[PDB]
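Below you'll find only one chain, the form deposited in one PDB entry, shown as structure tokens.
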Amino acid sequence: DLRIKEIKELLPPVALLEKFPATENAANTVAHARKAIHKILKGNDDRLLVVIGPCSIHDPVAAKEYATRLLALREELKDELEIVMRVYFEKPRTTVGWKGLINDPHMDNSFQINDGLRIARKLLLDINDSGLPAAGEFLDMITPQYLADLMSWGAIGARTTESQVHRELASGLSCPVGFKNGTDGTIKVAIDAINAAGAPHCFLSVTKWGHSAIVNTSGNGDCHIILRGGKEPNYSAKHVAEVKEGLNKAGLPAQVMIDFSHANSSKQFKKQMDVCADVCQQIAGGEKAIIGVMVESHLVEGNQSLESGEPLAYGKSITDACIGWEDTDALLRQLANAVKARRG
């Protein structure tokens, strides 16, 4: 082990589950949201799943204010929207940068992972306990053991849709799971992923106790595609119809989640509003295959760079740029009205 420079103690998941147990409210929130999303995926509910929130969480105070504002819209638009808050801790990049809230909660490159896990789990508990469901991103096979019991929906990392170990992971998760399409806009890997995750699997994994074990999963039938764009945006009606034809040819439900950001928005946060406009039209004219959307959203629009010896703007992303609260309110109201038009 000449390339392993140090090994350091890691709190076991049981220690974070005992320090931060789900309240009865928190567990009810997760349970209710997982069932609602399942009913939507089965086609038995016609509401739209909306996953919306910051690119990444770097400040629990701002995240709790965001959650309060979002929860108010969630109660008001519940007839049309199943609103879930995006609670992502890290923005994966090949480029250098902040490794996110779990790795580096103090944002200073100290890799204080035990602190990060405590802060992240406590934030998830508080949001769920307030009544707002949470959506997560699964980047690795160890982190989910500390947090997934507070997640109502998750996304597998776009760079690991094709990976057997991430698919094995999805097949045993208690929540619905979204797989992003290919970076060139094709959907073949994502369909392979939905199929693989829907099968039972046996593989190695760390347990709640911090020990590796052999685990058997049931398979996960609540997996769906996330359209995030290829070279160009792929949110249009032509693209949606192509993806629906692929999903039918593959014997899968012809339903999609559309990610309004990044490639689909051309990497300018404001263009999420344009994607909204298009997708709302598709929903208002009777598109039932669009069962969800994902939006990058924060209190304060835009973004900022993390800098040594310097304070940061409150509520503003330190990773990718997000729409701010005003646009977020308008966007949610637009989608709600679109869901209405489609129904009567």
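Shifts are known only where both forms have a C-alpha. Residue numbers count along the first chain shown, from 1. Under this definition, the rigid core comprises the largest set of C-alpha atoms superposing within 1.5 Å between the forms. First, how it differs from the form deposited in another entry.
- In the overlay on the core between these two forms, a shift of 2 Å or more in CA position is seen for a single residue of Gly131, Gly97, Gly210, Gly221, which is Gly97.
- Put the two forms on the same core and the Cα of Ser305 is off by less than 2 Å between these two forms.
- Here is what shifts between these two forms when you lay the two on the core: runs of at least 3 residues, every Cα off by 2 Å or more, at 94-97, 307-310.
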Given for the second form:
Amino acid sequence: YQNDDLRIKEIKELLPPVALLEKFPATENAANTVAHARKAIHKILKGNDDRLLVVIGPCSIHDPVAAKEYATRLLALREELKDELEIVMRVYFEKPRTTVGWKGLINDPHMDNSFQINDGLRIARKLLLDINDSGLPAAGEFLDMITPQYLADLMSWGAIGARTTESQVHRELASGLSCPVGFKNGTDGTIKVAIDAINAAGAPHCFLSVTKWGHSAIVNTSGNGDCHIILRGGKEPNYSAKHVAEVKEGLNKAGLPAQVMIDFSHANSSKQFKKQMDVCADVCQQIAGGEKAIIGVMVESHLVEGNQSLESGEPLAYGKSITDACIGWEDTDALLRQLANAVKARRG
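Having seen the form deposited in one PDB entry, I'd like the form deposited in another entry now, please.
Excluded here are partners and other molecules; the one chain stands alone.
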């Protein structure tokens, strides 16, 4: 065709979602994990459970071995702390870049710009399956419009990133997802874009999308009422009581329940991974002092703290982020126990 594909270099075959769903079906226990976690989060969001949703884990997954070791450790704490916390592992396979960079395990699993996306989808779904089958629910970021069909049935919660909260196609996607969805405030701190997103996601929509067969189609969604805001900072952090109070008022002014999830990382830690523990201290004091609106938190955590560079060509250290820096396991254990103690204090 004339005037077509000047800037398209190559087009390669993509496994349809049904191929990944057939190769890696949910086990009974994996399906149980997803169903129970989605119901638990819904109950929190409706105000009928006083526990704290905790979405915690690596900035990005790049190594299934370390991810499964992390998952075993986190599952132990999920079981120990379950009367206070609903613990869901961050299993992020897609990373939004400020400009350019390794986009994650699905886009480039082999970490060498070979872009073996079919391998990436196989690795990602098998890992999500293993984690859910172990009994640990999983959270993801919905950035790509096409990858969710491959994974969403194994997601108990999802986030739409700050750079896409305003995006109509992402709001439409959320309106048809089967899990609860968090919408982050705008990268400059703006709350209104996330409030608008929650309202849009709760409405039914009609739009173009791709089916489990890998074919484009017209899709009609019902709307998703299980959406809430994620506070992730702006030019300055926005986790403190003053900010939470402003957001509660803004939600209620818009007719929405005053409830927030606080991201301890990103702009709320000023991109300094150990400051997540300082955010934790402040948020724990708010919770223990009686703040009911804090229904969830999000934490970037790995086996080993800090981060490392893929671009150097050095062999990668095990269990250590190749993207944002994370707190390590010992801080993670302490942080989770701090949150559990705060939730117990809030209740008693």
